[PDB]
Every structure is written in C-alpha cells, then in structure tokens.
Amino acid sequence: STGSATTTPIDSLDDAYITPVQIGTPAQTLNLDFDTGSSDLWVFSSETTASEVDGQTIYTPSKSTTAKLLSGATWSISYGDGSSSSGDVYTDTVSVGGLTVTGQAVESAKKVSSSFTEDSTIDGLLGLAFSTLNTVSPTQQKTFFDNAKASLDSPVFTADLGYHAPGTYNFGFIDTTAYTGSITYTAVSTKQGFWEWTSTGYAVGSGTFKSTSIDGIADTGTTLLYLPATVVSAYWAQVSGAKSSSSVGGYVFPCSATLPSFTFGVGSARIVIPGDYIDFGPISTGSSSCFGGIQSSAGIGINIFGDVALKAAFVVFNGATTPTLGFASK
C-alpha cells in the first residue's frame, strides 16, 4: 500500500504545516501537524477542557463506531518550545492520503498548553519519530508509520515541504518526479529516538564550504534551523546590522536587508537554502526589525534541521531495519 497527502502552511511565514487526517467511522477529518521530532498522535477532542479549545476541529470518540477506549492508558508530553498536552487514549481507524491503519492509538487531549489553544489551525500532532519516544503509559504505543510499515510497498515516508506553498507527505514510495538529480543517503542514529544524522558542513552565501561534522535531527515539527553558535554567527556576520537580541530571543536583522543563502552538506552533496527562506519577517507588526530563520542551538542541547532546512530538499525517511535519511535538491 501507499498514501499521498498534501501539507499546507498554516500562515504566510510557513510557521508550521497541516495535513488532513481521517479518524474514525464515519471519518472525522482533523488537520494535524506531522512531526518527525515526536512520536505521539494526539488530537483536540470532546474531552479537551472547553476553555482550552478556540476554533480547533475536535475528535469525538463517541461518534466513531470503530473507537475503543484503551483502558487505563494515559499520555503526557512536553515539547522543545515549552508547550505541552496530556489525556487518555482510544484506538481507532486512521487514514492519511488513502493509507489506512486499524487499531492506531489516538491520544485524546484532556489538557493543552496556551500555545496549542491560541493556534486555531492545528487540531493535533501526528508523530513520525521512533516509537521509543511515545509517551503512552503503561503500554507504549506505535506511531502511524510504525503501524503502517509492514503494509507499505517500501518502508519509507518522504517530506516535500513548500516555501510559502503546499507540499506533500508520501508513504510507501519515492516519487522520482518530485526532485532533481540524485538522492544522497546518510546514516541515522536512533539512540535518542530521533531521525539523528551528521551534516558534513556548511557555506554562507557564495563563501567557501567549511567541512565540519554537525550532528542534528531532521524535525518537520520545528519551524527554524538551529545550529551551533559558531555557524550561526558566521551566517549573520554577512548581514549588515544583524545582531543577537536577548529581548527578542534570537538573531534579528534589518528588514531592508537581502539575506545570503545557507548551504548544508549531506555526504558529498549540498543543499542550498535560499536567503528568502531565512526571512521570518517583522518581530512585531510594523517593525523594521526582522526575525532570522537560522538561530543558535546553544540553549537546546541538540542541533535541529527544522522546516527552514527541510523545505529546501526532498527528504526520504527510510524506516528499513537500518534506518537512513535521504536528501535531494528540487
């Protein structure tokens, strides 16, 4: 089997991407944030504290003929941005882009933090990291990908995120029309539960390539590119008037600037992020200070190839016995 779903930016800045997902019988369609950096499929639901829901579509298990309470199971997760959610668990039929899993753990939120409530466009998350990070207790649950894997034509999914445009998540096949040149594959460590790999270096604009190992994760659920402070200073030094602002919480630059590209290595291959991808616009409405899309990882504990980086590539998440990542230009 295979599945193919379109993913759409939630706003003009590509702050996140939503993908429609069918849950239950009859289908309830919810728009989920596909997140290669976490392992829980959780939704706004009929169980979510009413004051914490503001415009999201909810999953109602009592209206699904295929919903079953997973008796005694609870979940609770905290993300890298300080957001959180928790609740109980149903099993139900989940379909993405025509690919169906029966008996998927659907984590029903009883509580969500303010950042989820305030984003009316995201009805929940669909985790695509390794199932060892799933938070369900006392019986850990499998991701949608892990449940679908055995049925797929090939044990892969691909992320093809758009710049200010829709893109695609594919399951079970590699669309050879969706990229240019060849896909370069690189080793993955699953030791931390993430799609963790080692970039071979970087360049700023038309500058020389610096060969250096940068360990990091491929994370569709993180907006920006978070790299070591050395690398991030070298980038922003090439932008007149750019600076790190403790008050704003990262590098800002004059909105009048033209940003240079940023290149990252995948083995002997190179992925170029155009300068326009690194512009996240005014820090506040009407400001002439703009927020940068490359930021320091120094306060995180890991480097994160988030959407700024991933949307410059066609990315293969190879879930074979020995997982690997693939990158192509497009």
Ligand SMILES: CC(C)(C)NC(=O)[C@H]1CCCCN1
The other form holds:
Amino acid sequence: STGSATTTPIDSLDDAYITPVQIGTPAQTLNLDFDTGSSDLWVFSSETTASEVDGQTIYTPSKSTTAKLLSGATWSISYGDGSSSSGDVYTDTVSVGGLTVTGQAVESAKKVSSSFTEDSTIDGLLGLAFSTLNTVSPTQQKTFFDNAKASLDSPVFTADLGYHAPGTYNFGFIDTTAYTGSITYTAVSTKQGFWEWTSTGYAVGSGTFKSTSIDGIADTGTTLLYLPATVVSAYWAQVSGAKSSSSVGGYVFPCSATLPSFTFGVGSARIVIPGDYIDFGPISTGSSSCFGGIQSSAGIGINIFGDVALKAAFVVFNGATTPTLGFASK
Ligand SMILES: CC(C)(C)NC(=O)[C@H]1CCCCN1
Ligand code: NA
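Having seen the form deposited without this ligand, the form deposited with this ligand bound:
Now the full complex is given, and it begins with the chain already shown.
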C-alpha cells in the first residue's frame, strides 16, 4: 500500500503545515500538523475543555462506529516551545492520503495549552518520530507510520514541504519526479527517539564550506533552523544590522535586508536554503525589524533541522530495520 497527501502552510510565513487526516467511520477529517519530532497522534475532541477550543475541528468518538476507548490509557506531552496537551485515548481507523490503519491510537485532548487554542488552523498533531517517544501510559502506543509500515510497499515516508506553497507527504514510495539529482542517505541514531543525524558542515552565502559535524534532528514540527551559536553568529554577521535581541528572543534583522543563502552538508552533498526562506517577517505588525529563520540552539540541548531547512529538500525518512535519512535537492 501507499498514501499521498498534500500539506498546506497554515499562514503566509509557513509557520506550520497542515495535512488532512480521516479519522473514524464515517470519516471525520481533521487537519493535523505532521511532526517528525514527536510520536503522539492527538486531536482536539468532543472531550476538550470548551474554553480551550477556538475554531478547531474536533474529533467526536461517539459519532464513530469504529472508535473504542483504550481503557485506562492516558497521555500528556510537553513540546520544546513550552506548549502541552493531555487526555485519554481511543483506537479508531485513521487514513492519510488513501493509506488506512485500523486500530490506531487517537489521543483525545481533554486539555491543551494556550498556543494550541490560539491556532484555529491546527486540529492536532500526527507524530512521526520513533514510537519510543509516545507518551501513552500505561501501554505505550505506536505511531501511524509504525502501524502502517508492514503494509507499505517500502518502509518509508517522504516530506516535500513547500516554500509559501503546498507540498506533499508520501507513505510507502519515493516519487522520483519530486526531486532533482540523486538522494544522499545518511545514518540515523534512534537513541533519543528522533530522526537524529549528523550534517557534514555549512556555508553562508557564497562563502567557503566549513567541514564540521553538526548533530541534529529532522523535525517537520519545528518552524525554524536551530544550530550552534558559532554557526548562527557566522550567518547573521553577513547581514548589516542583524543582532541577537533578548527582548524579542533571537536574531532580528532589518526588513530592508537581502538575506544570504545557507548551505548544509549531507555527506558529500549540499542543500542550499535560499535567503528568502530565512525571512520570517516583522517581529510585530508594521515593524521594520524582521525575525530570522536561523536561530541558536544553545538554550535547547539539541540542534533542529526544522521546516526552514527541510523545505529546501526532498526528505526521505527510511524506517527500514536500520533507519536512515535521505536528502535531495528539488
Ligand atoms: C505551530 C504552533 C503555532 C507553534 N503550534 C503549537 O503550539 C505547536 C506546534 C507544533 C510543535 C509544538 N507547538
Ligand atoms: Na515567533
């Protein structure tokens, strides 16, 4: 089997991407944020505290003939940005892009933090990191990918995120029309439950490539590129008037600037992030200070290749016995 779904920016900045997901019978379609940095499939629901729902579409298990309470199971998750959610668990039929999993754990939110309530466009998350990070207790649950894997034509999924445009998530096959050149595969460590890999270095604009190992994770659920402070300082030093602002919470730059590209290494290959991808626009409406898309990881404990980086590539998440990541230009 295979599946193929279009993923769409939630706003004009590509803050996140949503992908329609069918849950239940008859189908209830919710727009979920596919997150390769977490392992819970959770949704706004008929159980979510009413004051914490503001425009989201909800899953109502009582309207699904295939929904079953997963008796005694609870979940609670905290993300890198300080947001959180928790609740109870149903199993139900979940389909993505024509690929169906029966008995998928659908984590129904009873409570969500303010940042979820305030985002009317995101109806929940679909985690695609390793199932060792799933938060369901007392019986940990599998991701949608892990449940689909044995049925897929090839044990893979691919992320093809758009810059200010829709893109695609495919399951079970690699669309050889979706990228240019060849795919470079690189090793993955699953020790922290992430798609963790080591980049071979970076360049800023037309500058020399610096060969240096940068461990980090491939995370579709993170908007920006978080790298070591040395690398980030080297990038923003090439932008007149850029500075790190403790008031704003990262590097800002004059909106009048033209940003340089950023290149990262994948083995002997190179992925180039155009400068425009690193513009996240005014810090507040009408400001002439703009927020940068490359930020320091120093206050995180891990480097994160988020959407800024991933959208510059066709990315293969190879879930074979020995997982690997692949990157191609596009
Ligand atoms: C995408 C935004 C708007 C940050 N929503 C959130 O509060 C979620 C997004 C996925 C990672 C954890 N935080
Ligand atoms: Na922000």
